[PDB]
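S.K.: Chain residues, written in single-letter form:
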Amino acid sequence: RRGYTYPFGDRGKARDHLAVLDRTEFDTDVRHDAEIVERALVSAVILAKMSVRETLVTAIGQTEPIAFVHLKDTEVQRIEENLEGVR
Amino acid sequence: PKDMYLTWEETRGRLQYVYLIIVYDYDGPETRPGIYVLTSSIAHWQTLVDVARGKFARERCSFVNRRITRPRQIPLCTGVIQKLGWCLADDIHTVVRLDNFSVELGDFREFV
Amino acid sequence: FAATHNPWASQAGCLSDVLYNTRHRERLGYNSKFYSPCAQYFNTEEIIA
Amino acid sequence: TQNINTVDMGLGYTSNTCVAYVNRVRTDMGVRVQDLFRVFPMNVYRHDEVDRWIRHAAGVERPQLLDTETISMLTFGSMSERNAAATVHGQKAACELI
Amino acid sequence: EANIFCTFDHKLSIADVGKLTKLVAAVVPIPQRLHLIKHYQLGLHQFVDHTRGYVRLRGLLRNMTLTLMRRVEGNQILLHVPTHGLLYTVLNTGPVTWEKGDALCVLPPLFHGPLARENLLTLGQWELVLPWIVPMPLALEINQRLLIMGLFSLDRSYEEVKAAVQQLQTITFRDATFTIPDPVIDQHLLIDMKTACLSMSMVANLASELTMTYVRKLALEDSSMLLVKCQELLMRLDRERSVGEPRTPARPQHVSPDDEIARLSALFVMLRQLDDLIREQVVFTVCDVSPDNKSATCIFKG
Amino acid sequence: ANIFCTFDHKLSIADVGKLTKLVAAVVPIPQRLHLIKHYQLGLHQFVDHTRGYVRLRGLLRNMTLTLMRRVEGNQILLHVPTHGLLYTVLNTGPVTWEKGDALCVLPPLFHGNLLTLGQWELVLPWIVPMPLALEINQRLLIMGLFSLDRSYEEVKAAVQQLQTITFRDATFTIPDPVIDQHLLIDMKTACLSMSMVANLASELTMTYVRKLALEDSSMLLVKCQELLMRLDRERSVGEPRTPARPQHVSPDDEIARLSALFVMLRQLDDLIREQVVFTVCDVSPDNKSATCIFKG
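Protein chains in written order, with the entry's author numbering: chain R, 89 to 175; chain H, 168 to 261, 273 to 290; chain L, 1225 to 1273; chain P, 1078 to 1175; chain E, 5 to 306; chain Y, 6 to 117, 123 to 306.
It should be emphasised that the hints constitute simulated quantities derived from the structure, not laboratory data.
Errors might be hidden in some of the hints.
Here are the simulated DSSO-like pairs of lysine-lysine, each with C-alpha atoms no more than 30 angstroms apart in a straight line [unchecked claim]:
#1 L/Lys1257 to E/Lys104
#2 H/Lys222 to Y/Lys221
#3 Y/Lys305 to E/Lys104
Partial list, computed: chain Y residues near chain P (C-beta under 10 angstroms) [said to hold, decoys possible]:
#4 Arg37
#5 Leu40
#6 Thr126
#7 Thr199
Ideal Cβ placement from N, Cα and C applies to all residues, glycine included.
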């Protein structure tokens, strides 16, 4: 809903990724959850990258890395410390 | 035919125009279309449609009821008027049939 | 014996040859009723044919 | 109906024609330039407020309300001048070139 | 049957027969379709009754059959009912500009504005008022403005409806201006509003998930004049509803085009049903007009 | 009534042999004038790149049709048909006829044997049965609605499915309304108008059933209001709480809504309706001409 209300540069490329974001539904098993969250996450981060108009990589057959957006680097270190403690 | 004939009149108009009218009553599960032959003194199409709407509002509410009770099935229409011609008030004969009949094969004009 | 006295008008591709060319006004949906008096020197299909 | 027809029997140009004598000037010979905002009526700026400001500062009026003659003005080429009240100088005529 | 004779009751002066003989090839509405009639059944003055409703005259005038006036000889005028498809001629008494290639309708007499009260026929307590033979776009505009004045005026105080109706009654058609005299709320007008409301709701239901968002798609895409002039209306609508932003449309999920064809077919049915309530039938289609706009000929019945 | 259509050009006798094959065809004329030139003949007076389809169907409503009767060497006797009497016309369009079919008239977009002069060409409208006419009319209109999003491919498969047309001995290629990723202008106004009418139909009945049920309120209004509630509930189900319509509206915005609804409904009559012209009678063998009654 925050993606539909937000004005981007172009709307079709944001639109099909928002449509990918609308297809985030889960089953009772968790084997498919851990693979559908990566497509939900790459769609969310490319909305995050196109919403601020930052240059995303566009190599042939290239994937966007799952990265936090617009944070302080000590906050990045603290949140990765927490996620490693989860690991 | 005495069954299909009907009117809303004292039939004392001089020039009795005739009208084929069918409806679509959806109180049945599929459809119960009441086919009707209708004479009338009135000749203009639109005001006749308004009088018929005043007379057949039960089929209209049945039509909207079909629309709410089944969204995937499309409701086709509600009814279709088509005039055939006109006669005189003494040309009727009680099966009611007509001795003279001017013809006018009009168009299928739908209405809701 | 010059090249061109108005480089914004002559070559096919300037503003006036897409503002006053009738065959270029149809790509922009112009009001047909007006008589543009400049539209007699700027066509090509009326001119070169 | 008389269905006449004619054959030229000239080797070259027999008939001539001279512009001989002038009575009057039907146009204005004025400076009222050809206004673009009727001859290209549909085109507007993408930002709304700046286009409102430009049509305010140029005198040319926007469509006030959406009626059928305005739609026919946009789709067809129509009579979009809505001609002047007094007409003491005949027609009006100019154009533009940069 | 094609010819009917109307006889007058009063004696006729030279002024009476002189006023009548200028009315050759004019329109006369007759209700009764009887072979012989008195002059009380002539024209429209038997049903002209103000403070009753213009829609009443528009309703009953729609049912009355027409004729032309020719062979006036005193105490008889010999009206001739035209039949379908033949070529007849018509003189317009109403001051309406006529153009060729145009289709005509019959409306009750709405006054020109000076209120000339040119009855153009003199009796002691009878007048010959005439319906206006009017081109189709003006009559369509009359029915449209009539229905707008009908729908708007419900549950309104006199102030806002006065300040709107004083704008809405004024019409313009080819350097002329007319008004609607008796626009009151009547029963036939009310049932036409209910049918229009049912039809509009059926258009609301029978729209797919892509025809609803096409104007949103073009509002993202293009910027013409009418794009802005429609986007302001839809934007004011969605802003009066929600104080959020009007969302960008999405990708079409379920495409299965037979549903869209049947959907547009039902939309077409309901939209023709809505459109017939403002469109009247063509009662005359012209062939050529006089350059004085005093008469013309027409290939249709009455 | 007779119309005499002459040619100012030179007429080759080979073109007379071409023209006498058009012994009786439908041609439209902009105004019933007794003596006329050939520049008003046909549909070549309206052809361009930008107008396209809906302009011709709008200009065909007010044109009067006529039939060629005989051929003189430099004038053609055109004969305006009158209602009720019957004439023999020729099947110009690609569809073949059957008995009893109501014939409608349509501008020939696909058309591709015509009279040829230096600047003037002859083009004749398709005389199609009415159900096929409505069928390709709604096909072209849905194909115009889909015109903005063809960057995706299942919608490309959809418009490819909508491209062909099923009829008796008929696989036509209806031309694409969107050209070079842009729509022609009158179809753009048409699809925009039906889009905004579909929008205001949603956004005004929620007020007007309330405004109208303060009178006698039958069950029609009740089921209409429940259907409107179903539309609202299925509309805003993926949305925040509700649209939350207000009651105290400004009058003039409501006037500008309703007048716009009706005035854009006004410019869709050419697409929702069909001029029936001929009701056909007994057809010739091999179906290249037919005696038909002019129901106009």
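S.K.: State for each hint whether it applies.
M.R.: Structure-based check of each hint:
| no. | hint | result |
| --- | --- | --- |
| 1 | L/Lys1257 to E/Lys104 | holds (20 angstroms) |
| 2 | H/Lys222 to Y/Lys221 | holds (24 angstroms) |
| 3 | Y/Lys305 to E/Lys104 | holds (22 angstroms) |
| 4 | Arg37 | violated (16 angstroms) |
| 5 | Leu40 | holds (7 angstroms) |
| 6 | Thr126 | violated (23 angstroms) |
| 7 | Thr199 | holds (6 angstroms) |
Hints 4, 6 from the earlier list are contradicted by this structure; the remaining hints agree with it.
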